[PDB]
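Listed here are the chains, written in short residue letters.
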Amino acid sequence: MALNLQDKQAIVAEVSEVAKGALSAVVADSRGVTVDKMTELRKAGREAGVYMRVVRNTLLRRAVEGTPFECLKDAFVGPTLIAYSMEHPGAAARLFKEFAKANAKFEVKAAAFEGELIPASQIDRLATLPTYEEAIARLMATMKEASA
Amino acid sequence: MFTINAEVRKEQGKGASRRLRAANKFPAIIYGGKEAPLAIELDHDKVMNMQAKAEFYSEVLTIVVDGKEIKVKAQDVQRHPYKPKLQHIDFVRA
Amino acid sequence: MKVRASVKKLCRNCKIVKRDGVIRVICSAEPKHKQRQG
Amino acid sequence: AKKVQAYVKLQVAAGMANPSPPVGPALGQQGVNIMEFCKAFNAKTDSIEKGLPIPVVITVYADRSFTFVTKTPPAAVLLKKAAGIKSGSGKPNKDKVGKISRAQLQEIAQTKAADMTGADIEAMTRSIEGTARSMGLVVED
Amino acid sequence: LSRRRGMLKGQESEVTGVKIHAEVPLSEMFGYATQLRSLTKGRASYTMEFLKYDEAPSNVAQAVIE
RNA sequence: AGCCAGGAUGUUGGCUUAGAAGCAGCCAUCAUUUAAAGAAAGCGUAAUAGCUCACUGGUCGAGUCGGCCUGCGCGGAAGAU
Numbered sequence: 001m002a003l004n005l006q007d008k009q010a011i012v013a014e015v016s017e018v019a020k021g022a023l024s025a026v027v028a029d030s031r032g033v034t035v036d037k038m039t040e041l042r043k044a045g046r047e048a049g050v051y052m053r054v055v056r057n058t059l060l061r062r063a064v065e066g067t068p069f070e071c072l073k074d075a076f077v078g079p080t081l082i083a084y085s086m087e088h089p090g091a092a093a094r095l096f097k098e099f100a101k102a103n104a105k106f107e108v109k110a111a112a113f114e115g116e117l118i119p120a121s122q123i124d125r126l127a128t129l130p131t132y133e134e135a136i137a138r139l140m141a142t143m144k145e146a147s148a
Numbered sequence: 001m002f003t004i005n006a007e008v009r010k011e012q013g014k015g016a017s018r019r020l021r022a023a024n025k026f027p028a029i030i031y032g033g034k035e036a037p038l039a040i041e042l043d044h045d046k047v048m049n050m051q052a053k054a055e056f057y058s059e060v061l062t063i064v065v066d067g068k069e070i071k072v073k074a075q076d077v078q079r080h081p082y083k084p085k086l087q088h089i090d091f092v093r094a
Numbered sequence: 001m002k003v004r005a006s007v008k009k010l011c012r013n014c015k016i017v018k019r020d021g022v023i024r025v026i027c028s029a030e031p032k033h034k035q036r037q038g
Numbered sequence: 001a002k003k004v005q006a007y008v009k010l011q012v013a014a015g016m017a018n019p020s021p022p023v024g025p026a027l028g029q030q031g032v033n034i035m036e037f038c039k040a041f042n043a044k045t046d047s048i049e050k051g052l053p054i055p056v057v058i059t060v061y062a063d064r065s066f067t068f069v070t071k072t073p074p075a076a077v078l079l080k081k082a083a084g085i086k087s088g089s090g091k092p093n094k095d096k097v098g099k100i101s102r103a104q105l106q107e108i109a110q111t112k113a114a115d116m117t118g119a120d121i122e123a124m125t126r127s128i129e130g131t132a133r134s135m136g137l138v139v140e141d
Numbered sequence: 635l636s637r638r639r640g641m642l643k644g645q646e647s648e649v650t651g652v653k654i655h656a657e658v659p660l661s662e663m664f665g666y667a668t669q670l671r672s673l674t675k676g677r678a679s680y681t682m683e684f685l686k687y688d689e690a691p692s693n694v695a696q697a698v699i700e
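Protein chains in written order, with the entry's author numbering: chain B5, 1 to 148; chain BV, 1 to 94; chain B4, 1 to 38; chain BI, 1 to 141; chain AY, 635 to 700.
Hints are not guaranteed to be accurate.
As the list claims (entries may be wrong) - Looking from chain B5 toward chain BI, a few residues come up when the C-beta cut is under 7 Å (computed): (1) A48; (2) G49; (3) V50.
Claimed, not checked - Short derived list, chain AY residues pointing at chain BI, Cβ under 7 Å: (4) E646; (5) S647; (6) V649.
No lab work stands behind these hints: they were computed from the structure.
C-beta atoms are modelled at their ideal positions from N, C-alpha and C, and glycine is treated no differently.
Could you put the whole structure together from the sequences, leaning on the hints where they help?
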């Protein structure tokens with residue numbers, strides 16, 4: 001490994017994603033294959049490319065060293081194996097969705113999805129999301145309200 | 001930067017020199033300037049580790065011989081014919 | 001097993017053991033590497 | 001495909017799917033049907049092009065028949081009909097012999113867009129650097 | 635085939651077996667059948683005819699002294 | 001150090017070979033995707049296949065690694081009343 005001069009970058013970089021981010025998910029990759037990463041990188045791909053991460057770090061000692069910053073709801077995620085996912089642009093989006101759909105294709109556990117932060121809380125798969133731009137679901141709420 | 005503590009030699013000659021070397025010390029001498037030469041005795045393992053760096057032979061370096069700081073340059077070294085140890089050093093006064 | 005006077009590891013799996021007064025070599029992969037009189 | 005089971009790739013040919021000395025039998029003989037790669041392959045052959053290198057995987061269990069898959073061409077080979085020289089040395093690579101087309105290497109690599117990890121299609125280029133410094137043949141960039 | 639001081643030249647993979655092609659010296663093929671069998675559980679035809687003359691390795695040559 | 005995981009894509013790099021697909025040889029040893037993963041440290045193969053390592057993620061929970069100099073010891077060490 002590297003000394004501190006390197007354990008600091010994995011911090012100053014990874015914590016300015018939290019400081020400058022959008023949504024957060026969860027997942028434990030016990031059996032995390034590489035067809036695994038391959039896929040989810042195309043997903044990050046659709047979800048821009050390299051706007052996304054997953055930098056395995058669940059050393060509390062790392063991606064909690066980014067938490068007493070923001071998201072101290074994660075002192076509780078960080079135990080055991082974890083795969084932290086941050087969003088920069090994009091809706092508070094679909095990121096959420098396929099992690100459940102992925103891991104529900106066996107694709108290993110999902111930490112039961114211990115969940116995360118947009119609010120400041122816990123678990124439950126939501127597509128309360130990428131409807132986003134479904135302001136059309138407030139366009140159809142126009143003419144249909146005007147007519148009916 | 002190299003700080004070398006040392007002591008003036010109380011004994012000189014083949015007899016003493018050998019004795020010193022049995023006790024992980026080793027003789028060396030400071031000469032140069034317009035003032036007399038000085039018979040030094042140095043701690044071995046120390047100068048060894050120090051002289052491991054190449055700067056030892058380039059940089060000016062300082063010897064604290066009975067509280068003075070003489071400040072000198074390494075002229076010449078005597079290494080053991082077949083061991084990894086030092087026999088003697090010539091220091092030039094700078 | 002080979003007997004020899006100099007024994008030494010051969011495979012990365014050869015192991016070296018001091019049983020009784022005698023120095024040995026045990027390989028979990030390759031029987032040819034057993035050694036004694038070490 | 002979320003589960004591999006059987007795959008042997010031995011670059012075939014399009015214009016007539018009916019070999020015998022190169023592959024022929026050895027392409028289908030363990031629950032595989034020699035009768036159906038001339039019924040099925042050529043059904044996915046003529047839409048594109050014919051003659052040149054075709055690695056391939058098939059869907060044969062022990063289920064009599066099957067369904068054929070397609071693939072992609074080798075990448076240092078697109079430096080033959082897609083560069084110049086067709087060997088790679090002549091003076092063993094104690095000598096840096098070859099010679100490149102910088103324009104090519106991107107769009108000629110890009111032709112292999114469907115089988116690479118780089119997000120940045122420029123990245124997919126940077127891979128072809130070493131793939132094309134495979135001898136030490138410098139590119140006139 | 636190689637052990638028998640032989641040069642190999644091709645392989646087909648003809649249907650079920652695999653025809654192997656080689657140039658191997660005569661004074662060296664004697665009793666092939668017997669061993670070819672041992673190596674392939676009895677399942678292995680073979681065939682040979684004359685092709686050419688090439689230099690005999692020295693220890694061979696100096697042996698062949700009448 | 002154990003134990004769980006992964007240990008990947010260009011791609012069998014190129015050359016050379018009947019075959020050299022990480023691994024007989026020669027030259028190169030980059031670039032991706034990354035948490036990390038050698039154009040490969042060893043097993044293996046006709047060659048592929050197959051099993052490991054380096055490396056990184058997890059678990060664990062405080063010491064731990066290997067060179068230099070030196071003291072004393074061990075093997076090496078079989079003979080005839």
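Okay, the hints, checked on the actual structure:
| no. | hint | in the structure |
| --- | --- | --- |
| 1 | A48 | violated (9 Å) |
| 2 | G49 | holds (4 Å) |
| 3 | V50 | holds (6 Å) |
| 4 | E646 | holds (5 Å) |
| 5 | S647 | holds (4 Å) |
| 6 | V649 | holds (4 Å) |
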